[PDB]
Amino acid sequence: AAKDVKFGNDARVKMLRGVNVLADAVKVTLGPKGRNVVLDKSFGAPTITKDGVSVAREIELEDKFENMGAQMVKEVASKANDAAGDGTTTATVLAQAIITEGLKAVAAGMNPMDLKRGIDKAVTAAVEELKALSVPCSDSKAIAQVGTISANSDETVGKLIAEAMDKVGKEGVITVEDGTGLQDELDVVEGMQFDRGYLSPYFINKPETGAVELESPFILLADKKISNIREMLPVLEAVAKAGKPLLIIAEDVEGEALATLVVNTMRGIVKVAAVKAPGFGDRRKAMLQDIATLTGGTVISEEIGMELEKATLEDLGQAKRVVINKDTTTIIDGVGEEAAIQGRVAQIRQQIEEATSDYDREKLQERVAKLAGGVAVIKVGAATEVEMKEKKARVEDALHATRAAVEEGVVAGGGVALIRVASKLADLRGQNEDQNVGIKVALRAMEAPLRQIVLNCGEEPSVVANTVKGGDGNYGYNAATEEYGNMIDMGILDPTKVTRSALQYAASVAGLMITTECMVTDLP
Amino acid sequence: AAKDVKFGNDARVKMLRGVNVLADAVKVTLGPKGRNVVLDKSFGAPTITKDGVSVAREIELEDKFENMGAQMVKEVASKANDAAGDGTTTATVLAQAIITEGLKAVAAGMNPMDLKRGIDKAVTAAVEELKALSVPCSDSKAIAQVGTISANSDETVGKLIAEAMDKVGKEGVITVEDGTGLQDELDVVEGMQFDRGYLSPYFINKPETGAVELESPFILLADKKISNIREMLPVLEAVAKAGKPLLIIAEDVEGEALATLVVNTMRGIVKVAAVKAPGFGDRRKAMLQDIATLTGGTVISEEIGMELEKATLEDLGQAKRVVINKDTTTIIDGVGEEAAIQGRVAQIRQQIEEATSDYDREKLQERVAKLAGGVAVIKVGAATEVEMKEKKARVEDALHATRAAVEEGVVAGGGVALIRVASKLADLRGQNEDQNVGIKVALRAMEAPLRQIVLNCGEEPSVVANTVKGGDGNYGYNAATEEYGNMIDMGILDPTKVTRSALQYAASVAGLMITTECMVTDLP
Amino acid sequence: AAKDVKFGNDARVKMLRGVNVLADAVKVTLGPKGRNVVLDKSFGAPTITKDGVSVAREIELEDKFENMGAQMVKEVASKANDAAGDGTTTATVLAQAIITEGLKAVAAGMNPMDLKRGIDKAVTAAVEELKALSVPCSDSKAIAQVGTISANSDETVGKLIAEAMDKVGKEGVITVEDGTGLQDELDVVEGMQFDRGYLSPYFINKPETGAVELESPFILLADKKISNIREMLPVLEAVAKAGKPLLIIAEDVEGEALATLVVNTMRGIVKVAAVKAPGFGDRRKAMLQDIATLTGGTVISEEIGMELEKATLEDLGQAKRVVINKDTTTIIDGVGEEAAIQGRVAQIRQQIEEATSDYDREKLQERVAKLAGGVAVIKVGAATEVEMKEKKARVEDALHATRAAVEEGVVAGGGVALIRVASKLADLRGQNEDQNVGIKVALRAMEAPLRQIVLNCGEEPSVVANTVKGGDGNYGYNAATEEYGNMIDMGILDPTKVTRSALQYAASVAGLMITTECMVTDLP
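Protein chains in written order, with full-length UniProt numbering: chain A, 2 to 525; chain B, 2 to 525; chain C, 2 to 525.
Any given hint might turn out to be false.
Since the list gives no way to pick out one identical chain from another, each pair is judged satisfied if it fits inside one copy or across any two copies.
Calculated cross-link-like contacts (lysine-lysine; reagent style DSS-like; alpha-carbon spacing at most 30 Å) [claimed, not checked]:
1) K132 to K168
2) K122 to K392
3) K42 to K65
4) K132 to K425
5) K390 to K122
6) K80 to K51
7) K80 to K7
8) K390 to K132
9) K42 to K80
10) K80 to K245
11) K392 to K80
12) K34 to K364
13) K390 to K80
Don't read these hints as lab results, they were simulated from the structure.
Please build the complete structure, drawing on both the sequences and the hints.
Here you go:
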C-alpha cells in the first residue's frame, strides 16, 4: 500500500501522543490506591483488571502514527511480564518518563544518539547499584512481603506463597487453580503424583472414595504398549505366588489383556492395576524412568533389546502404598536407594542448567519437584467468577514476583529503591554534554514510580518525593497508611529482579524511541 | 487499464518529487549523527532501523507518477545492498544528487542522452581513481576499522569481526545469530561440524552434557540409506574384534537396524553411533565425500557398484575424537592425509571460481571452511528484542562490508575519498559541451555524502566541504568528534568495494532517469 | 451492452485524438537525440525504454473512441516489429502523418475511398523505388552500420553483430543473452552443441571443469529409451575390446542400466557417457538424425524395425573429441562424409523454403547452423539490471534489423531515402483528382521521419528538410554531429526491409483509418 511518511517534530509529537494513551491507561492502576481498568471483549463479559500488561496488550489506536507509539512501549510492559511476572506497570511508567524527558531534550537541539548512550550508561550503573542494595531475599518473612505487595497488599497471598516455597523447596513447583470454596487453600503432595486415571474402572477396591488403594505393591514399568495377556503370564505368575499386589504403568493397556486383568482381580487371583504413562513422546520415557528410580525397578524398554516376558520380580519397583482415582495416580514412598534418587536429581537439576529455552526449563523442574522435594497447588477461592479471575491473576502475579526475588533478593518498595539509586548516581558523567543530559534524563525518570503512586492517592507527588529524598536508606512513604517510615520494617518490599527488569526494559525501548527522526506507515 | 501519460517537464517534476520522498526518508540515517526511521508493519511491532535499504524497500507513494520515481531509485539502494552489504544510504544520496543536478541541466536545454554519457565517463574514471587510492585492505587493523564504521562507530563489532577473519582464514565462513546473554560472543569450531543429531537418543554415553563422546573411533560412510542389520554384520564384526568405537554417517538409519544398534551398545558389545547425512540431494553426496577425505575412509556408494556388506576395516575413516548431541555432530581431528585434504580443498576452491551464480558460491565456501580452515559464529547480545534486531542487523552489515573491503581494500571515510576523486577529475572532458556539464554534474554529486553527513550533525555542510577541499590526501572531517584530521589515522575507513559500488549503481539508475521525456502509468 | 455510436466529423476528431496520444508518446524516442519513455508495471519496477513498439503496446485510453484510434495505429508499430525488428517508431510516425493529412482532405470534401487508392498507389511506387536505391547490403561494413543505427548509434553493437554474421555464415543462428561482466562478449561454437547434461554425475573424468572429456570416442544413437543393461551388452562388448570410449545419446537412460554404466567406467572396464536426446516429440528424432550424419553413424530407431542389441561397431558414429557438462553436450569434429553433411544441409535448407509459418522456420535454421556453419551467442554486459534490460533490448533490435537488411540491403538513413523517393514520385498521378490528393498526402508524409528526427534535436525541422531536399542522392543531415553530408559515408544506414516495412504498414492502417464515417463502441 501507499505509505504515509512523517518527519522530525511531527512524527515525534504523534509518536508521543500514542505512548501517552497507553501509558495513561496503564498508570491508573499503579500502587495500593491503584484503581481498575475495564477491558471489553465481544467474546465474553468484560474483564476488570489491575494488571498493567493486560491493559497494555489491548491498546491499539486509530491514528496510524499514534498507534506506532503505543505499539512500541507496549513491549516494555510485555517484556517485563515474560521475565519478572510483575512490575509491568512500573516498567510502563518509567518508559513513558524517559520518552517524555528525552524528546524534550531532542527538541532542545541535543543529539538523540548521545542522549541514548547517556540513558544506557545511567541504567548500567543503576543495575549495579540495585545489586548492592538487594538483600538477597531468602527468609520466609521477606518472601511473604514481596508476595503481599505483588498481590495489591493482600497479606494472605504473601503468607500462602511463603508457606508454599517453604514446603516444596527451591527445586519445587507451585501451580495455581480455581478453588471450589470461598477461601484459599494450599495442597502439598508428598510425594509423587501424575495426571493418570485407571483404564479399568471395575477395579476400585474402595467404593467410598472411588479409588484404588494398593497396599505395599510391586510396580511394573512397561515402555512399550500392552495388548496381549501372553507377555504378562511370566511376571504376573511370580506376583501371584508372592501375595503382594501389582501396579502396571505401561504406554497403554488394551485388548483382552486389560479385559482379563479385570477378571483376575475380580476373583482375587491377583491384585493388579493398569494406568497409562505420564507424558507423551520422548518426555514419557524420560518421566517413566524417574518412577523406576524412586521405586527401585527397571524400565522394561522394548526399544533397547528387552522383552516384557523375560522379566522377573527383580525388575519390579516397590512402594509403601499406592492411590489411583479416575484422574490421578499417586505413589506414596517407594523403595528407592537414597543416593540414587538425589543422584538422578542433581542430574536433572543440571539439565535445567543447559536447557536451551523456557519450555525445556519448565517441565524439568516439574519432575525435580515430583522427585524431591514436592509439588504444591494453591487453590484460589472467590464468591463469583469475575472475582475468581482477578484474584487468580493476582496470586499468579505474586507467585512470579517471589520467584524473581529469590533468584535476584528484595529492595525497598514504594519505588524508594529507584529514588535511592538516583542520588547515588548524582555524580555520573558521560563522554560529552549530550550524554550528560541523557544521564540526568534517566535519573529524573527514576523518580516516576514513586511520583505516580502518590498521584494515584490524590496527594502531592513532588511534596512526597522531596521528603523521601530528604531521608536515607530504606526510608519511604507508605501510601496505604499515609505516613513515612522504614519500608522494609513496614513490609513494603519489591523483588530486585522485578525492579531491575522494569528499568532495563523501559530503558531499552524508550532509548531507541527518542532517536526517531522519521516514521513510515500505511495511509488512513 | 486506461493509462495516464505525462510529458516533458510535468512528467519530470513528478518523477523528482517521488525520488525526494524516498531520498529524504533514507538520508536521515546517514553517518554517525544519523537518526533512526520507524517502519510500520501490521504483522508485528514496528521496526526501528538505521539501515538505508530497509527504509527504501518500504516507500511506495500514492500519486502514481511520484511512485514511479521512488520505485526506480529504490533500485540503487537495493543493488548496493546485494553486492556490497553496506553503503545503501550513500548510494541513495548520490543518486538523488545526480538526478537533481541532471534535471536542472535538462531544463537548461542540454541534451539528456549526452548528460548521461558525461556522468558515465566521469564515473568510469572515478572508479579507476578509487582503485588507486585503495590500500588494498589486508591487515587486521584496517579490517576492524571498516567493521567499526559499518556498525555505526561500534568498536566492539569491528574488533570482533577482525578477530573472526583472523581465525577462520580467508576461505572461511562467519555467520551471525541471536545470543542468549547481554554481551556479544565469538565461537570458533576447529575443526568440522555439521547440523545433525543422533537418531538414537538411548546412546548418550555422557548424561552430563546430554551428548555422545566416542573416543578414537572408526567412521562408516554409507551413501545409501540403511534399514537392515544384515549389511552391518560383516563390518560391525571387524569393529567388534578391534575394540574401537564406530560412527555411522548414512543417508538414514531406521527399522530394526537402528533398534538393534541400541541393544548392542547398551550391552557393551560394540560402541556405535547413528546420524543422518549432512545435506540433501546431490549436495549430500558431495559433503559426505568431504568427510571421507578428512578421516581417510571410502564412501560406500550404492550407486557406483558397491555393497555395504563387502566393506572391511580398510574403507572406514578414523578420528581422534567425536562429539554428537541432539542437534550437531563434530569430528575433532581425523586421520586425513595432509596433501589429500588441501588437494581436495584447492579443488573445491576452484569450484567457487566457476560457480555460475551466488548460491553455487555460498555453500561451496561453507564446505571449504569446514575443511580448512574453520567456521565461526558471532552471537549478538541485547537486553530486549527490538534491540536484538537492530544490533544483529548492524553486525550482519559490518560482516558484509569487511568482506567487500577484503576483495576490493579501504579508503578514507567521511566520504572524503569521493571528494578527492572529484578534484582529480577536475580536468576531465567529453566529446562536446553537453557531455561536459554531464561530467561536472557527477563530480558535484560526489560531494554529497560528505555534505549530508555534516548536515545530519546540525552543522554547516558547505563550510565543512570548503575546508576538506582545502586539504589533501586523507584529510577529512571527523563528525563524531567535530574536528578535522587524517581519516585513516582516526580509524574512519570505508571499504573500497562499497564506495565504488555506491557510485556505480547510483550513476547507473540516475543516468537513465534523467533521460525521461514521457511517463506511462495507470489512472488514479 | 448498449453501444455509443458517433458519426462523421465527431467520430473522426475523437479517432484522431486517440492516434495522437499514442503517436506523441512514441515520437519522443525517434532518432539519435531521442529520449526515453517510462512504462509503469505494478508487477516489478518500471521500465525505461526507447523502443517504439514497447511504448505503443501500453497505450490504452479512457475515452472509448479515442481508445479505438490508439488501438488501431498500435498495429502498425506492432506489425513493423514482427516483420522487420526495428523501425516501429518510424512506422508510427508515418502512420500518424498520413492520418492527419488524410482527415484534413476528407474534411475538404474529398472522397475517402479515393484518397486511400492514391495513398496505396503512391506506396506501391515508393516500394519499387526503394528496391532501386537499396544497395543490396552484403559487405561487413554496411551490416555494421545498420546494426549501429539500430542500436541508437552504438558502434560496438554494430561491430559485434557484423563479426557474428561473418563467423556463423548466412544459414547460421545468433542469439543474445545476459552476460556476467560489464562488457559485451561474442561466443562462437565450432562445431555442434545442444542443451543436454550428463544423467550420471559420477562420470566426470576431469573434476577441474566439472565436465566429461571423451577422447576420440564412438557414438551410439538410440531412438528408443533405455532402461535395461541387456540391450547394451552386444555393442558395449565390441567397444570394450576396441579401447575407444563411447557416448550414448538415447531418448533416456535410467534404471539399473544407468546405475551399472557408472560402475563400469568407475572401474575402467569401458568409458561410457549417457545424455538425453536434444528436443521433444518429432523434432527429437529429426535432430537425432542430424547427429548421425555429422558422425557417420546410424540411428537405431526402434520404430523402423531395429533392435538395440542387433547393432555392431558399424552403426556407431565417431568424433575427434567430446565435451559434456551439467547442462550442454558438444561434439568437436565428427567423422562425417563431407558430401553427406552438405547434402543433408541443402535438404534442411529447402525445408525452410516450404516452411508454412515462422516456428517451422526458426528451429530449422537453428539446426542448419549447428551443422554448417556454426552458432553464435552475444552476451550483453551492464552494471545494473535496468541497464541490462534496455541494452539487451537494443542488441536484440539490431540483430533483427541487420537480418532484414541482408534479405532486403541498405539505404540512406536519417529518413533521407524516404525524402528521395518523394521527389521521384513528384509526377505520379491517379485516376482522378481525389486520387491525386491521396498521392500528395503520402508523399508529404514521407518527409515526417526526417522532420521528427530534427524536431527531437530541438532544431528547425522545415529548415533542415528544405536543405536536404535541395541536395541529391545520399546527401542528408547528421543529427548526431549537426552537419550535412553523405549519409552512407557517415555510416548512417537504415536497412531497406525496415524502411519499406515501416511504409507499407503505416499506409495499410492509416489508409483504412481515413475512410471512417461511423464508430461503434460500449457506453462509458
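How the hints compare with the structure:
1. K132 to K168: The answer is within: 28 Å in one copy meets 30 Å, while 37 Å across copies does not.
2. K122 to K392: Intra 39 Å, inter 17 Å, cutoff 30 Å: inter-copy only.
3. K42 to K65: both (22 Å within a copy, 11 Å between copies)
4. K132 to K425: Answer is within: at 13 Å inside a copy they meet the 30 Å cutoff, but 55 Å across does not.
5. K390 to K122: between (41 Å within a copy, 20 Å between copies)
6. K80 to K51: both (17 Å within a copy, 23 Å between copies)
7. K80 to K7: Intra 28 Å, inter 26 Å, cutoff 30 Å: intra and inter.
8. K390 to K132: Result: close only across copies, 28 Å inter versus 35 Å intra.
9. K42 to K80: Classified as both; 23 Å inside a copy, 19 Å across copies.
10. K80 to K245: neither (54 Å within a copy, 51 Å between copies)
11. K392 to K80: both (22 Å within a copy, 18 Å between copies)
12. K34 to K364: Neither way: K34 and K364 sit 38 Å apart in one copy and 48 Å across, limit 30 Å.
13. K390 to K80: Both ways: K390 and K80 sit 22 Å apart in one copy and 15 Å across, limit 30 Å.
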